[PDB]
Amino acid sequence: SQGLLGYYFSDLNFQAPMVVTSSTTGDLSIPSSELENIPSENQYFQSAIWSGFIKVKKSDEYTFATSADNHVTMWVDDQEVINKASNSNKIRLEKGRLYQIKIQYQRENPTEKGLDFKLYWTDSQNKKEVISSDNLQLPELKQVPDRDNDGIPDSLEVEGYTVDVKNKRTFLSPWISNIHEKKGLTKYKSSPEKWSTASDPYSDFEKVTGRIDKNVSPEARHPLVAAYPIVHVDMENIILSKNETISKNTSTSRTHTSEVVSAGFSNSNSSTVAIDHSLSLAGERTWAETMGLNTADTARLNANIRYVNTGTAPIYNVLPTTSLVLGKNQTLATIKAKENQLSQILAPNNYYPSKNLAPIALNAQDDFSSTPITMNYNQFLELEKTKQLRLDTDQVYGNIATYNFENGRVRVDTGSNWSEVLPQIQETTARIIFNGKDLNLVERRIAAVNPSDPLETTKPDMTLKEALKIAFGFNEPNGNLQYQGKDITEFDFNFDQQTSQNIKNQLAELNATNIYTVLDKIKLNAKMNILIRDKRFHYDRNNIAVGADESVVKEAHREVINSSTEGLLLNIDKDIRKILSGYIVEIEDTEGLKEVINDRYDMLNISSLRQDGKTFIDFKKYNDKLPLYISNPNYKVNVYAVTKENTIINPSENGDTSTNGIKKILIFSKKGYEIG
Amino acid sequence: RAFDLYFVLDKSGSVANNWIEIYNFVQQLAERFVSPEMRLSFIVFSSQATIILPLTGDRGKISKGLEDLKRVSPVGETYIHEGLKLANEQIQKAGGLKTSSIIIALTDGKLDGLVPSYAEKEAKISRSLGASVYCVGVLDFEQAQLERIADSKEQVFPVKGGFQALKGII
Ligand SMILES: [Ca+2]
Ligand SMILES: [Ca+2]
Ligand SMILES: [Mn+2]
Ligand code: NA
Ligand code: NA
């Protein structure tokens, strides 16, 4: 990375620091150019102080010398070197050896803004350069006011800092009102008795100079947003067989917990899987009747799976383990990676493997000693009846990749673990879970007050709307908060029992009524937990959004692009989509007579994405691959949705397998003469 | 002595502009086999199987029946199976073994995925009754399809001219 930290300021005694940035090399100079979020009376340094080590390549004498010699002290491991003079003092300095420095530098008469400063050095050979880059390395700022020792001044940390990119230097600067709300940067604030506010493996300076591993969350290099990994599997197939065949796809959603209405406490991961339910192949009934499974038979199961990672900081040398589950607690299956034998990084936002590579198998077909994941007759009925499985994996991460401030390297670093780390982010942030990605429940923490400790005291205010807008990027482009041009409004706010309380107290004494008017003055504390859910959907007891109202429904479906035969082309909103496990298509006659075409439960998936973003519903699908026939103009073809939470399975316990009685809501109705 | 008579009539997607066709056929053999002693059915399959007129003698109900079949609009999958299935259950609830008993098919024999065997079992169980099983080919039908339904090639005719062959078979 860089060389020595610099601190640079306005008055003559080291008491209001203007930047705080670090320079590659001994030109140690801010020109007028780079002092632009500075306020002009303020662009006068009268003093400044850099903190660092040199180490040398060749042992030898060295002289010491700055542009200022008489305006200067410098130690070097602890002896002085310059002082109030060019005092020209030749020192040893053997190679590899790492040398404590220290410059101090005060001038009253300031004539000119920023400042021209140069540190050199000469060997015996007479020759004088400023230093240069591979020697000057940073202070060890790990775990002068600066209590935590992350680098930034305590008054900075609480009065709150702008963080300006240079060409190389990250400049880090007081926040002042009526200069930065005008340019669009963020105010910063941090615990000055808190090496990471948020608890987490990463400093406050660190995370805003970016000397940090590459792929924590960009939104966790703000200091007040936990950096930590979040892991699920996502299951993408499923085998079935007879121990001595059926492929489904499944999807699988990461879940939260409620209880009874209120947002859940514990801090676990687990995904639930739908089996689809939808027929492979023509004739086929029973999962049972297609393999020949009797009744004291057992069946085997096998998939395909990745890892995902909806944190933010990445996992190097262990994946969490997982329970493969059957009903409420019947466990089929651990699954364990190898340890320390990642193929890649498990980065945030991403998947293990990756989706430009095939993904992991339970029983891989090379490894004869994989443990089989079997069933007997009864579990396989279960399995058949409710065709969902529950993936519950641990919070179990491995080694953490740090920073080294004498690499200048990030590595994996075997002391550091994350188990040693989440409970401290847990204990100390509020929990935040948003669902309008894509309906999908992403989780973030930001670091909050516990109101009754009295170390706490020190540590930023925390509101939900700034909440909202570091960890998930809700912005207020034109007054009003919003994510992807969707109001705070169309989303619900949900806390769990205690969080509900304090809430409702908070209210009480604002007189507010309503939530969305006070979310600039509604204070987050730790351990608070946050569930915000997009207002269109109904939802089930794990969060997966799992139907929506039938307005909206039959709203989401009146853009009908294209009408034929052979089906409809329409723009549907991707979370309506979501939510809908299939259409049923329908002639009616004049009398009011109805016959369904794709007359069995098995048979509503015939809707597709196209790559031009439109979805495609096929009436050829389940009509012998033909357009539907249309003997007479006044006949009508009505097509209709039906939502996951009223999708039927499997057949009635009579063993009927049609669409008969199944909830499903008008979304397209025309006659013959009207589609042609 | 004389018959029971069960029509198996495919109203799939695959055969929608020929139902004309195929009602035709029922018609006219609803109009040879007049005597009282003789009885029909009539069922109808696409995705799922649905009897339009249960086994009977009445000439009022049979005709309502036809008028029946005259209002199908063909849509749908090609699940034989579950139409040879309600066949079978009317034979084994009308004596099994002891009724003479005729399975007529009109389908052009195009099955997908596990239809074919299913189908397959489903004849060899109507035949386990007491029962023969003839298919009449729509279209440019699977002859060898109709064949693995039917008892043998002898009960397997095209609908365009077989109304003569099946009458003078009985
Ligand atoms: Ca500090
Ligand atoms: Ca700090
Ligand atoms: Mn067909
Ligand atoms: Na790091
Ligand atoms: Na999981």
Given for the second form:
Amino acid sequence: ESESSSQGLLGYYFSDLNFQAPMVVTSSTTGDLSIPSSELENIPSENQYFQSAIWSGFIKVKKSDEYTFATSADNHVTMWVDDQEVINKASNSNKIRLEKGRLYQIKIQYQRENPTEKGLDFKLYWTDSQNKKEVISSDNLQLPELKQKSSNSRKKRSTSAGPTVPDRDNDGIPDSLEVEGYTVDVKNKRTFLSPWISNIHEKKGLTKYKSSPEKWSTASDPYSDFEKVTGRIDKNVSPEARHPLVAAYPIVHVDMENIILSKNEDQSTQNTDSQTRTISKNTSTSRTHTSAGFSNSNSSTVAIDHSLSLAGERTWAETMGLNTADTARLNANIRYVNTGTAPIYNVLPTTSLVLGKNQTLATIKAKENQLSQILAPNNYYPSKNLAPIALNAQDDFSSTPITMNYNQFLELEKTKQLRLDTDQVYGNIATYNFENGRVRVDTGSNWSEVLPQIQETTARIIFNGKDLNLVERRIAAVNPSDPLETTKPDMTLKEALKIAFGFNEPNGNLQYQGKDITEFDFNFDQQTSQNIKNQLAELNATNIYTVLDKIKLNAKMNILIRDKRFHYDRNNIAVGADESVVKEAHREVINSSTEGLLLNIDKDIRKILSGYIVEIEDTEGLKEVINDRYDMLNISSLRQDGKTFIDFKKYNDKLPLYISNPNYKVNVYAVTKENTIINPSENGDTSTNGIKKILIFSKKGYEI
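After the form deposited with the partner chain bound, can we look at the form deposited without the partner chain?
Shown next is a single chain and nothing more.
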């Protein structure tokens, strides 16, 4: 019913007599082309008088016959079928032969000076050979072909015999409206596109669009400006990318969830009758950005848990029974992650699993055209309700083993890191088809044909506000040296943040989910930095935060915006926070006992804590660390209710702390990721000696 509702003829309704001032652009499913004044609340009363109209599209017939076309105002109408004039400023009985299976272009013009009624009552009729006259049915009428090229059956542009609205890029939105501003509103389920009128639309909370009249897609993506704003688009496209100035494209990385390491079989020896020795660790994977930088590459970095998971757990090699001359195997569970704004249907990108700088251990591919589901934006493949992908799947005889020699295994143990480099080959695009009003995967449309143009013509902003993960958006922005890109509207930094990331402005302060813009930092590549510095000098402005509405974005800018609470590594991953931030986040304790601490810790702060150290201090100052090992600091868990429990029993032989004198102190320290030790020291010290830690709790026994 949604698909059907958006098919039919396309109409342009003008306040002036000569097709210059479009007030409404909208389609009609039938030959009833009326718009009653009841549906015009977003149009000034003065402009609700329509002195002209043009309709365009196609007509198909179910049965070959002679037809006679009629309107409700033939004295005011000229109509064309293909190039043949069939009505002209008077009624008539002239017949026209139409064959079944063929498509005929329809153009109708209407002009009436000084109508006494607002809106337009207008119907298109035909009469067949059996003299039965009827308003043209929905099954017979189709939209114009508002694409960059013609189809086999449907011409892209209309007859020049009749008048034409200026629409240089053939998206359907008149030149003037794209430049001056327009909005869309639904009234009784129809989408009306109208000129932006500030003193009506602003307070109704309608969205002001501007777009290039020379770019069918102003963001250089595969969906037209008209398709976006009228909902004639893949429903999987992100809400923000329904704006003509926000690019719709996939962005993919691979998330590794866990890893399992084992000894490889060798020809010289035969597997014994015994349970295979494996070491199994959770992994944490983040999409990275190396700075902003220019690189548009997809990469994620995997951190392998360095903490114990099993009581009396031995070293990796002892656990695997891996000796110096042996080879190790790796398996892992993964999912693909789409952090972009458009879906993938039939080609997942190839990924390299890399040890160190450039030792490729594995190539990970999916079968083209055999995906089990769509990889939607803000989502995963497989979906999180389904099992992940194993790199070597059960009974997959064709899955290549992933092996490391002994020295590579030592390198993996030393770094506890892997990298997943993913290409940008994403396959075919689901596009809208004006002939049937459907969205389907289009064998003729491919992401590789638009990604470079998106990357060349937009400003990139990378923002970590949602959950400290790096999210990229691209916003259409002028390139002063490229005439086609200078036809685009001005884009301010403030506006880009609103439209691309959903910043809002309730009390005249720009914020994201309750956090003021000043709680995030700004970083730019070298060229972007110089550009903005120059803009600020021209504005006589010394603080970027107070003039975000005046800083203009340009194509090929790179802007990185991060939560100021955190310390970041070279990949722009959050790895710590200042001492006082950490201390403050642990200040409110709900309960303390000899079994542990229960408290409420902000979810973002928790992401940069790797461990806690528990210590008993005597009345003379000697300190005993209870969990005195670099791999025994994983004592924090998040409960069902979102509270954090720091467990004193876990590495105290499952017993509450014994406090042999109530004036003794229990001190607890937090260790941030930045400061986390992941191996014994050079001299083999496995203790917590020298670990840079932050005191977050200290109480005497009688206080607990």
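Residue numbers count along the first chain shown, from 1. Here, rigid core means the biggest group of C-alpha atoms that superpose within 1.5 Å across both forms.
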Q | Residue showing a 2 Å-or-more C-alpha displacement between the two forms once the rigid core is overlaid, selected from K554, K90, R541, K385 | A | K90
Q. Is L455 one of the residues whose Cα moves 2 Å or more between the two forms, with the core superposed?
A. yes
